[PDB]
Amino acid sequence: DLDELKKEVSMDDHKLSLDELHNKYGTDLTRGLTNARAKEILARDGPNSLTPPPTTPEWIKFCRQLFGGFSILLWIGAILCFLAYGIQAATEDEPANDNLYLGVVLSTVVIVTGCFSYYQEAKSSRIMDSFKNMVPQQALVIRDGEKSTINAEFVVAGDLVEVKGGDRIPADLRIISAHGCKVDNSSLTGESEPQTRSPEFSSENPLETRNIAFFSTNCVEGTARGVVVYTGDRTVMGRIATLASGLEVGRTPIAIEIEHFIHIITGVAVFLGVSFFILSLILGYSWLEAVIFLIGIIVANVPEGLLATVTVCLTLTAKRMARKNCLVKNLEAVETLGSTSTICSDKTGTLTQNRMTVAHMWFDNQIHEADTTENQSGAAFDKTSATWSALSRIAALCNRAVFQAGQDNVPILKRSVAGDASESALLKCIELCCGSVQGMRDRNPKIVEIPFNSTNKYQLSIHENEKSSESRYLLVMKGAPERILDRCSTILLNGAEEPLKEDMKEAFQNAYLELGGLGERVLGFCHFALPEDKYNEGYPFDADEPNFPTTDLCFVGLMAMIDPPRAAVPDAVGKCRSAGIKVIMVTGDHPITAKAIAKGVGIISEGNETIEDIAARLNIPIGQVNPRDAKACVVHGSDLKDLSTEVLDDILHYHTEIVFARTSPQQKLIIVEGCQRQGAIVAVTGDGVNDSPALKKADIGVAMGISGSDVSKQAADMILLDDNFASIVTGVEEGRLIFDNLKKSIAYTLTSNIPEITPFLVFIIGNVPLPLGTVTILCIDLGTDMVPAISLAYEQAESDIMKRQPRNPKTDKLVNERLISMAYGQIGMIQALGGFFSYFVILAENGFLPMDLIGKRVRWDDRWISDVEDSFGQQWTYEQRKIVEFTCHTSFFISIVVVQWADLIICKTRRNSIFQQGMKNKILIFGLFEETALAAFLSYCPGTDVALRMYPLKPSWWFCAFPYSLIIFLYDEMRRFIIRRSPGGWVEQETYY
Amino acid sequence: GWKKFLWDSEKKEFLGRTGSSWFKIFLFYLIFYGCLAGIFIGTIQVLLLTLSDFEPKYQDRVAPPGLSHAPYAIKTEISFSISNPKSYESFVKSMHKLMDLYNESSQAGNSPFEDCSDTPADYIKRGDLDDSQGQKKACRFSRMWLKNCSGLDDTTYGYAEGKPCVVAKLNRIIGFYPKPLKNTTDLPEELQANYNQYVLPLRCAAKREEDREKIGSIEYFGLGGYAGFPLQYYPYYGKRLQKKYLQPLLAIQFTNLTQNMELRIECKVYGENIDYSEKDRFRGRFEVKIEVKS
Ligand SMILES: C=C(/C=C\C[C@@H](O)[C@@H](O)[C@H](O)C/C=C/C=C\[C@@H](O)C[C@@H]1O[C@H](C[C@@H](O)[C@H](O)C[C@H]2O[C@H]([C@H](O)[C@H](O)CC[C@H](O)/C=C/[C@H](C)[C@@H](O)C[C@]3(O)O[C@H](C[C@@H](O)CCCCCCC[C@@]45C[C@@H](C)C[C@@](C)(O4)[C@@H](C[C@@H](C)CCCCC[C@@H](O)[C@H](O)[C@H](O)[C@@H](O)[C@H](O)[C@H]4O[C@H](C[C@H](O)[C@H](O)/C(C)=C/[C@H](O)C[C@@H](C)[C@H](O)C(=O)N/C=C/C(=O)NCCCO)[C@H](O)[C@@H](O)[C@@H]4O)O5)[C@H](O)[C@@H](O)[C@H]3O)C[C@@H](O)[C@@H]2O)[C@@H](O)[C@H](O)[C@H]1O)CC[C@H](O)[C@@H](O)[C@H](O)[C@H](C)C[C@H]1O[C@H](/C=C\[C@@H](O)[C@H](O)C[C@@H]2C[C@@H]3C[C@H](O2)[C@@H](CC[C@H]2O[C@H](CN)C[C@H]2O)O3)[C@@H](O)[C@H](O)[C@H]1O
Ligand SMILES: *[C@@H]1O[C@H](CO[C@@H]2O[C@@H](C)[C@@H](O)[C@@H](O)[C@@H]2O)[C@@H](O[C@@H]2O[C@H](CO)[C@@H](O[C@@H]3O[C@H](CO[C@H]4O[C@H](CO)[C@@H](O)[C@H](O)[C@@H]4O)[C@@H](O)[C@H](O[C@H]4O[C@H](CO)[C@@H](O)[C@H](O)[C@@H]4O)[C@@H]3O)[C@H](O)[C@H]2NC(C)=O)[C@H](O)[C@H]1NC(C)=O
Ligand SMILES: CCCCCCCC/C=C\CCCCCCCC(=O)OC[C@H](COP(=O)(O)OCC[N+](C)(C)C)OC(=O)CCCCCCC/C=C\CCCCCCCC
Ligand SMILES: CCCCCCCC/C=C\CCCCCCCC(=O)OC[C@H](COP(=O)(O)OCC[N+](C)(C)C)OC(=O)CCCCCCC/C=C\CCCCCCCC
Ligand SMILES: CCCCCCCC/C=C\CCCCCCCC(=O)OC[C@H](COP(=O)(O)OCC[N+](C)(C)C)OC(=O)CCCCCCC/C=C\CCCCCCCC
Ligand SMILES: CCCCCCCC/C=C\CCCCCCCC(=O)OC[C@H](COP(=O)(O)OCC[N+](C)(C)C)OC(=O)CCCCCCC/C=C\CCCCCCCC
Ligand SMILES: CCCCCCCC/C=C\CCCCCCCC(=O)OC[C@H](COP(=O)(O)OCC[N+](C)(C)C)OC(=O)CCCCCCC/C=C\CCCCCCCC
Ligand SMILES: CCCCCCCC/C=C\CCCCCCCC(=O)OC[C@H](COP(=O)(O)OCC[N+](C)(C)C)OC(=O)CCCCCCC/C=C\CCCCCCCC
Ligand SMILES: *[C@@H]1O[C@H](CO)[C@@H](O[C@@H]2O[C@H](CO)[C@@H](O)[C@H](O)[C@H]2NC(C)=O)[C@H](O)[C@H]1NC(C)=O
Ligand SMILES: CC(C)CCC[C@@H](C)[C@H]1CC[C@H]2[C@@H]3CC=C4C[C@@H](O)CC[C@]4(C)[C@H]3CC[C@]12C
Ligand SMILES: [Mg+2]
Ligand SMILES: [Mg+2]
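Chains A and B, in that order, are what the protein sequence lines are.
In terms of PDB author numbering, the first sequence opens at residue 31 and continues consecutively.
In terms of PDB author numbering, the second sequence opens at residue 12 and continues consecutively.
Since the hints were derived computationally from the structure, they do not count as laboratory data.
Heads up, a few of these hints could be off.
To be verified - The calculated PhoX-like cross-link candidates involving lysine-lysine, where the alpha carbons are at most 25 Å apart (straight line), are: (1) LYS193(B) / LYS180(B); (2) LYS14(B) / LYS840(A); (3) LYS912(A) / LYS86(B); (4) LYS255(B) / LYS158(B); (5) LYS22(B) / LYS840(A); (6) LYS254(B) / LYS886(A); (7) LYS843(A) / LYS14(B); (8) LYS950(A) / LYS938(A); (9) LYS22(B) / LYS843(A); (10) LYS912(A) / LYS68(B); (11) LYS912(A) / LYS180(B); (12) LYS177(A) / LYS194(A); (13) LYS136(B) / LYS148(B); (14) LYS833(A) / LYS629(A); (15) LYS68(B) / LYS886(A); (16) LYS912(A) / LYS279(B); (17) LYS254(B) / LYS108(B); (18) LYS68(B) / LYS984(A); (19) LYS290(B) / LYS218(B); (20) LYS359(A) / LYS349(A); (21) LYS886(A) / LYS255(B).
Between the sequences and the hints, there should be enough to build the whole structure, so can you do that?
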C-alpha cells in the first residue's frame, strides 16, 4: 500500500483513440469480448468490487478501553496493592487487609469505567449500521454481440458496457458512443450540474474530460456505450477509499490535556517522596523502613474518582448532543468542537443543498425574489398581478417533466421529478405557489410541440385555451433570453401590452446582467395568442413548416435559478466568524460560482476585494497591483498544484477571506495540513467521497447524515443525522462549556487530597495515633466526592462563551500551577487543619491531652500493652484505645464532608459571585443533601463497627468543622472579588485557574 | 526548553519568575501560613480551657476494668527452658520492672503513704475530687506480702526450677468502686469458701476440659493470704490528686506444671461492676500460655 503513489494526483490514458484503446486492453468496439475471454480475465484479476474494511472483534475493542485514559495509574495501584497483600500474607498469619480491599476497589474503578465507555461506543455503532443499506445492482454488458445484465461483481476490463439514464456507471469506462448522455459527478469530482459525456476528448485533466465515465456516478439523462478501462479497487474512488483507510487518526486535544494532568500529578508525587525520605533519614530511621515510606506517599497521590468523574462528565454532554440529532462515535470528540479555531468546509452537499431552485424572476420591469429555503420560511413574491399568472401558464405548460408516481406524501420540494434540473425547478415553483400542475396541464390540452433544438435554441408548444369565452390557440416558448429577445415586439406590462421600445430593451439588458452576475442561470418565457381566423380550431399545425410566427411574440419575463444554500448557513457562518473562527472555503467547484456562494454566506465579507477586482475597477493589468491591499483571495486548483510550502503559509498568513476553488480531493488534504503546520485545531465538514481524506486528517470530521457518502461517513467522527447546520454552532458552544466545568471538578477532587495524606506524615514524623484510616479515605474518595463532582458539570455560563477567542493550545492548559496553588495550597490546607481539630477534641474528651500524644504511637499500637496511662492517670487496654482511634476516623471523615460543602460552593463559580450566578443547579443541592445523609448512615447503622469500623458520634462533635467551612467560604469570596474589581492584577495571575 | 526554562539571561529569570516574584509569593505564603498557625493555636487554647484537670469528661470507654499482667509475654505465651539461663531473661527483666516500684525505700514517712489495715477492709473516701485538701494519701503496699514471688529471696521469682509466678493487676480507674458478689445461693462454685466481702476474688483455671489434669496447684499470694484485691485501695483519685499511689497486686504460682507441653490458663476476676467481652480478651480476664520445656 504505497502511500506516496496514492497521494499523487490521478493520471490516465484518456488522450488516446478508440483504436489505441481497443488495442491496449483488447476489445471489439461492435462485438465486445467473448464469454471465455471474459471469464479468463474475471479470474485473472478480481471482481469489480471494493475491498471490505478491516474488521475487528468486540473483545479487542474492550481491551483497548481497559488499557487507556489513566487506567495505567490505577492498574499499577491495583498490582502494588495485591503484591503487598501477598507478601504480608505469607509473612504473617495476622496481617492487616487494607490492601486486599484497596486493590479490589481500585480494580473495580477501572473495569466499571471501561464498561461504561464501551457501552457508549457500541450504542453509536448500531445506529451507524442501520444506515449502511445495500440493494444489489446489475450492469448491462455486451458479449459476443449480445446484451446481457450481469451482477456488478462480474464486470471485467475490456468488455462493452451500455448505460441508460437512471442507472449507475459500474466501473471506470471510456465512452465510445453517446446519445445526449449526462452524468452526476457530484460525489467524486464535486460538479453540481450534470456534465455531458461525449466520446470526444476535451481537457488534459481526466476529471474534466467527457470521454470517461466514473465509478459510483449516475447517468441522469441519455444512453451511452463504453469500454471498461479501470475495474475494482484500482478505480479512482477505490484509490481514494484506500487512502482514507491508510491514514492516521491523530491525537485529540482533550487527550493531551489529560496527559499533561498525569504529568503534573506524578511530578508532585516524586517530590513529596524524595523529600520525606531525606527528612525521615534526618530523624533516625533505617533505609528499609524509609524506603517503604517513599512508596506509601506516592500511592496516596492517585485520584480514583477523577477517572469515573471525568468519564461521567464527558458522557453527560454527549446526551445533550444526541437530543438535537448530533451523534459522536468516540467519547472525547465532544470537546474538539469547542477548541476549533479554523473550520474547513465543503460546498456541494455541505454548504449547499445539491438541488436546483428558482431564485429570481423578472416581470413588470421589476426583479422579484422567491423563497429558496428547505422548510419554506420566508417572503412570498406578490402573487397579485396578471403577469405572474401568464408566467405560471408559460412555465407550467411548456415543460415536459412530471413528479414521480407515488410522492403524494413527501413535501413539494423533496419529491422525485423525472426530467432535467431546469424543468424540475420550474415545475416545483409552479406547483408551490400555483397549486397542482397536473390539473393546470389537463386544463389546457397540448396540440403540437417542437422539442429543444441545437439550432433553434428554444422550446415551444401550442395548446388549447381553457377560456370558455375564447376558443383560440395559445402558443408558448422558452429559451435563452437573447434568442427570445430577438423574437418579440411587445411586452406584457401589469397585464396590458406595450411596444418593445429601447427603454425596456435596456431594462431587460440590465436585468439580464443582474441575474447573470448573481451566478444564476436565466431563461426567457414568451407567449402569443394565435388568431383563430388564420388558424381555425380544426387546422392541424404539423411540426414541419412555419405554422407559427417565430417573431412578433409577447415576452412576459425572465426566470433565473441556482442551487441555494441551506437555511441556517449564513447565520451560522456569521456566528462562527463572531467567535473568532476563520472560515476558509475549500471546494472542487468552478470559481465563478464558489466566489458568489462565498459572498452569499459570509466567507467573503461584502466590501472586501480580490486582486482581479481591483484591476477591473481601475482598468490596469493585474501584475501592477500590490497583493497586500487585497484582504480576500480566490486560489485556483490548477495554480495550487504549482505552489511551494512557504507560499501556502503566506496565503493563509496574509489573506483573511480565502476560497480554494477547483481543488482535487488530494489537494483538500494539503490545505488542511497547511493549516496545521502552524499550530491550530481543524474541523472539516463534508459529505461526499472527495471529502474522505480531509475528514480523516482533520482534528474532527463532520459528515452529513442523509446526503453523505458511506466512506466519508465511516471515516468521520461526528454525524449530522438531520442535515441541519446549526448543530455546528451548538457543538462549538458545548465544547467550551464542558471545559470550564472540568476545571471546576478537578479542583474539587484535588482539594480533598491534602487532608488525606497529612495525617500519615505527622504520624511518621511526630509519632501520634493514626488520624485517617484507609476504609474512610475510600468512603470519601468514592462516596461523598463523586455525586458533587458529577453535578459540577451542569453549571451554566458566567459570561458570554460565544464571545471569547479560541483557547491557545501552547499556553492555556487545563491544569496549570494556579489550580495546584489553590487545591493543594490554600483550601486543602484549611480542610486538613479542621480535621486535626476534630481529632484532638475526641481524644481530649476521653482522656488523652495533646501533650501526652507525641511519642505514644510505638506503645499505642503494641498488641501486648494492656495498661496505657493517659493525661489523667487512667489505664486503657489495647482494644479500648483502638475504639477511640476509630471514632476519630469517623469524625475526621465527617469533617471532610463539612469542609467539602464550602468547597463545592466556592468551586461552583470561578470568577463571579454566588449572589450573582445563583443556586439554580438542583443537582448540586441534591449532592450536598445526599453527601450528608451517607455520612450519617455510615456512622449510625447497627453493624458498622464490625464491617467498616465506624463508631457513632456524640452530637457535640459534628460542630467542630463548621468554623473552618465558613472561613473557606469567606476567603474564596474575597478572592473572587479582587479579580473582578482589579483585572490583570496579582490575584488574577496568581489564583485564576 | 530544558535550559531556558531553568535560567535565561535577558529577563534575569529563574525557573520562570524574577527575584521580585519569588519574594512576593514567599512573603504571601509566610503571612498566610502564619495566620493559619495562629488560628489553629487559638482554637486549641480554648480547648485547654474547656476540660477539667482532676477528671476526664467521658469515662464510658473504660468500664468495666481490664486485667493486665507481668511478665510481658508476646502473643500471651510464656515459654522458657529450665537449663538455658538466657531464655527467661526477658521475663524477669519485666517482673522486676513492675515490682521495683513497690520498694519500701519509696514508701516512707507519713506522706503520702499512710499505714492501712493489714487485713482486707472497706473503702476509704478522702473527700471529693478537689484541690481543697491538697494531695490525698494512698495506702502502703509492701513487697513481702507476696511470699514466694517477690524477687527479694529468689530474684528469678521461680523461673529457675520450673515454678513460675504471675503478678496480676487490676486496671486503675478514677472513681471506680469494686463490688464483689454477695453470699446468695447464686455464686460460682469456687467463690463459696473464704467469702471475704472486702476482697475481690481472682481465680485461674484451664481453658479446655482436658488441660485440667495437666495443670497442678495454683497457689495465690495476696493481702491477708486471700486470692483477691482488698477494697481499701479504692477508689483511685487520679494522678493529679494522688501522685505516689500504689495499686494492689496478686501473685500466682503455677506449681506442679507438666513438662514439655503447652498449657492454656485463663484467669478471671468476679464482681458486680465487672463484665467480660468476647472481643477484648483482657476485659476482666486474661489468658496465658505456659510451656516449661526442659
Ligand atoms: C509489604 C510492604 C512492606 C512492608 C510490609 C511489612 O509490614 C510486612 O510485610 C513485613 O515486612 C513482613 C516481612 C517479613 C519478612 C520476613 C519475615 O517474614 C521473617 C521474620 O522477620 C522477622 C522480622 C520482622 O518482625 C520485621 O520486624 C518486619 C518489619 O520489617 C521492617 C523493620 O522495621 C525493619 O526494616 C527491620 C529490617 C532490618 O532490621 C533492616 C536491616 C537493615 C536494612 C540493615 O542495616 C541490616 C543489614 O545490615 O543488612 C545487610 C545487607 C547490606 O548488604 C545492605 C547494604 C546497606 C546499604 C547501605 C547504604 C545506605 C544508604 C542508602 C542511600 C540510598 C542513602 C543513604 C543515606 O543510606 C546513604 C548513606 C550511607 C553513607 C549509609 C551507609 C551505612 C551502611 C549501612 C550498611 O553497611 C549496613 O547497615 C551495615 O553493613 C550493617 O551490617 C552494620 O551493622 C552497620 O550498622 C550501622 C549502620 C546503621 O544501622 C544504618 O546505616 C543507619 C541507622 C542509617 C540511618 O538512617 C542513619 C541515621 C542515624 C541518620 O543518618 C542520622 O544519624 N541522623 C542524625 C540526625 C541528627 O543527629 N540530627 C541532630 C539535629 C540537630 O538539629 C553502622 O553505622 C554501620 O557502620 C554498620 O556498617 O547510603 C546485611 O544483611 C546485614 O548486615 C544486616 O544486618 C518494618 C516492616 O517492613 C516490617 O514490619 C524476624 O525477626 C524473624 O526472625 C524472621 O523469621 C508494603 C507496604 C504497604 O504498601 C504499606 O501500606 C505499609 O503497610 C505501610 C507503610 C505501613 C505503615 O502504616 C501502617 C498503618 C496503616 C497503613 O497500613 C496504611 O495503609 C497507611 C496508608 C498508606 C498509603 C497512604 C494512606 O495511608 C493510604 C491511602 C491510599 C489510598 O487512598 C488513595 C487516594 N488518596 C488511593 C489509595 O492509594 O495508603 C502501620 O501499621 C505500619 O507500621 C506503617 O509502617
Ligand atoms: C529496689 O530494690 C532493688 C533491690 O534492693 C536490694 O534488696 C533490698 C531488699 C535492699 O536490701 C536493698 O538495699 C538492696 O539493694 C534494687 O536493685 C538492686 O540494686 C543494686 C545496686 O545496683 C544491685 O546490686 C548490683 O548487683 C550486680 C549484679 O547483680 C546480679 O544479680 C541481679 C539480680 O539481683 C541481676 O539482674 C544481674 O544481672 C546480676 O546477675 C553487681 O555486679 C553490682 O556491682 C556493683 O556494686 C559492687 C559492690 O557491691 C561494685 O564493686 C561494682 O563495681 C558495682 O558498682 C551491684 O552489686 C542489685 O543487683 C539490684 N537488685 C536487683 C534484684 O536487681 C533497686 O534498684 C531498687 N529500686 C528502687 C527504685 O529503689
Ligand atoms: C508533615 C508535613 C506535611 C507536608 C505536606 C506537603 C504537601 C505538599 C503540598 C504541595 C506540593 C508542592 C510541590 C510543588 C508544586 C509545584 C507545581 C508545579 O510544578 O506545577 C507545574 C508548573 C507548570 O505550569 P504551566 O502549565 O503553567 O507550565 C507551562 C510551561 N510552558 C507553557 C512553557 C510549556 O511548573 C512550575 O510552576 C515551575 C516549577 C516551580 C517549582 C517551585 C518549587 C518550590 C517548592 C518548595 C519551595 C520551598 C522553599 C521554602 C523556603 C522559603 C524561604 C523562607
Ligand atoms: C456556621 C455554618 C457554616 C457553614 C458553611 C458552609 C455553607 C455552605 C452551605 C450553604 C451556603 C448558602 C449560601 C446562600 C446563598 C444564597 C444566594 C442567593 O439567594 O442568591 C439569589 C439568587 C439570584 O437570583 P437572580 O437575580 O439571578 O434571579 C433572576 C431570575 N430571573 C431571571 C427570572 C429574573 O437567586 C437564586 O439563586 C434562585 C433561588 C435559589 C434559592 C437557594 C436556596 C437554597 C440555599 C442553600 C441550600 C442549603 C444547603 C444546605 C447543606 C446542608 C445539608 C445538610
Ligand atoms: C432514590 C433511591 C433511594 C435509595 C436509598 C437507599 C438507602 C438504604 C438505607 C438503608 C439500608 C442499608 C443496609 C442495611 C444494613 C443492615 C445491617 C444490619 O441490620 O445489621 C444488624 C447486625 C448487627 O447485629 P448485632 O448488633 O447483634 O451485632 C453485634 C456485633 N458485635 C457484638 C460482635 C460487635 O449486623 C450484623 O451482625 C452484620 C453487619 C453486616 C454489615 C452490612 C452493612 C453493609 C456494608 C456497606 C454497604 C453500605 C454502602 C452505602 C450505600 C449507600 C446507598 C445510598
Ligand atoms: C455510589 C455511592 C457508593 C457509596 C458506597 C461507599 C463506597 C465504599 C468504598 C470502600 C469500602 C469497602 C471496603 C470493604 C471492607 C471489608 C471489611 C472486611 O471484610 O472485614 C472483615 C470482617 C472481620 O472483622 P474482625 O476480624 O474484627 O472479626 C472478628 C470476629 N470474631 C472476633 C468474632 C471472630 O468481617 C466482617 O466485617 C463480616 C461482615 C462483612 C461485611 C462486608 C461489607 C462489604 C462492604 C462494601 C462492599 C461493597 C461496596 C461496593 C460499592 C462500591 C461503590 C463505588
Ligand atoms: C464564624 C464562626 C461560626 C462558628 C460556629 C460554631 C458553632 C458551634 C456550635 C455549638 C458549640 C458547641 C456546643 C458547646 C456545648 C458545651 C457543653 C458543655 O459541657 O459546656 C461546658 C463548658 C464550660 O465548662 P467550665 O469548666 O467552664 O464549667 C465550670 C462549671 N463550674 C463553674 C460550676 C465549675 O462550656 C463551654 O466551654 C462553652 C464555651 C463555648 C464558646 C464557643 C462559642 C461558639 C460561638 C457561637 C456558637 C453558635 C451559636 C450562635 C448561632 C449563630 C447562627 C448564625
Ligand atoms: C482556619 C483558616 C483561616 C484562614 C484565614 C486566612 C486569612 C488570610 C487572608 C489574606 C492574608 C494574605 C495577605 C497577603 C498580603 C501580601 C501579598 C502582597 O505582597 O501583595 C502584593 C500585591 C501588590 O502588588 P501589585 O498587584 O500592585 O503589583 C503587580 C505585580 N504583578 C504584575 C505581578 C501582578 O498585593 C495585591 O495586589 C493585593 C492583594 C492582597 C490579597 C488579598 C487577599 C484577601 C484574602 C482573604 C482575606 C479575607 C479573610 C476573611 C476571614 C474571615 C474569618 C472569619
Ligand atoms: C504433682 O504431679 C505429680 C505427677 O506429675 C503427682 O505425683 C504422681 O502421683 C502419682 C499417684 O497419683 C504417682 O503414680 C506418680 O509417680 C507421681 N509422680 C511424681 C513425679 O511424683 C503429685 O501428686 C502432684 N502433686 C501435687 C501437689 O499436685
Ligand atoms: C486573625 C489572626 C491573625 C489572629 C491570630 C491570633 C494569635 C496570634 C493569637 C490567638 C490565640 C493566642 C494564644 C492564646 C493563649 C496563649 C497562652 C499563653 O500562656 C501564651 C500566649 C498564647 C499561646 C497566645 C499567643 C497568640 C495567639 C496564638
Ligand atoms: Mg460534496
Ligand atoms: Mg479524525
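Task: Given pair status - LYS180(B), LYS193(B), alpha carbons within 25 Å - done: holds, 22 Å
Task: 25 Å limit on alpha-carbon distance, applied to hinted pair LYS912(A) and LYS279(B) - done: Satisfied, since the Cα-Cα distance of roughly 23 Å is no more than 25 Å.
TODO: Mind checking the alpha carbons of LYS886(A) and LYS255(B) for me, to see if they're no more than 25 Å apart?
DONE: holds, 23 Å
Task: Given pair status - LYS349(A), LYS359(A), alpha carbons within 25 Å - done: holds, 12 Å
Open item on the list: With the threshold set at 25 Å, check whether the alpha-carbon distance from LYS177(A) to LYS194(A) stays at or below it.
Closed with: holds, 13 Å
TODO: Would you check the hint for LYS912(A) and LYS86(B), treating anything up to 25 Å between C-alpha atoms as holding?
DONE: Judged against 25 Å, a Cα distance of about 18 Å means the pair holds.
Open item on the list: Given the hinted pair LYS68(B) and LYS984(A), is their Cα-Cα distance within 25 Å?
Closed with: Given pair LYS68(B), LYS984(A) holds - Cα atoms ~13 Å apart, limit 25 Å.
TODO: Measure nothing beyond the straight line between the CA atoms of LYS833(A) and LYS629(A); if it is 25 Å or shorter, mark the hint as holding.
DONE: This hinted pair holds, its Cα atoms lying about 23 Å apart.
Task: Proposed proximity, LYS938(A) with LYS950(A) (alpha carbon, max 25 Å) - done: holds, 11 Å
- [ ] Given the hint that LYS843(A) pairs with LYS14(B), test it: the Cα-Cα distance must not exceed 25 Å.
- [x] Holds, because 22 Å separates the two Cα atoms, which is no more than 25 Å.
Task: Straight-line alpha-carbon gap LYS254(B) to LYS108(B), limit 25 Å - done: This hinted pair holds, its Cα atoms lying about 19 Å apart.
Task: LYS14(B) paired with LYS840(A) [C-alpha distance capped at 25 Å] - done: holds, 18 Å
Every hint, counting from the list given before, is met by this structure.
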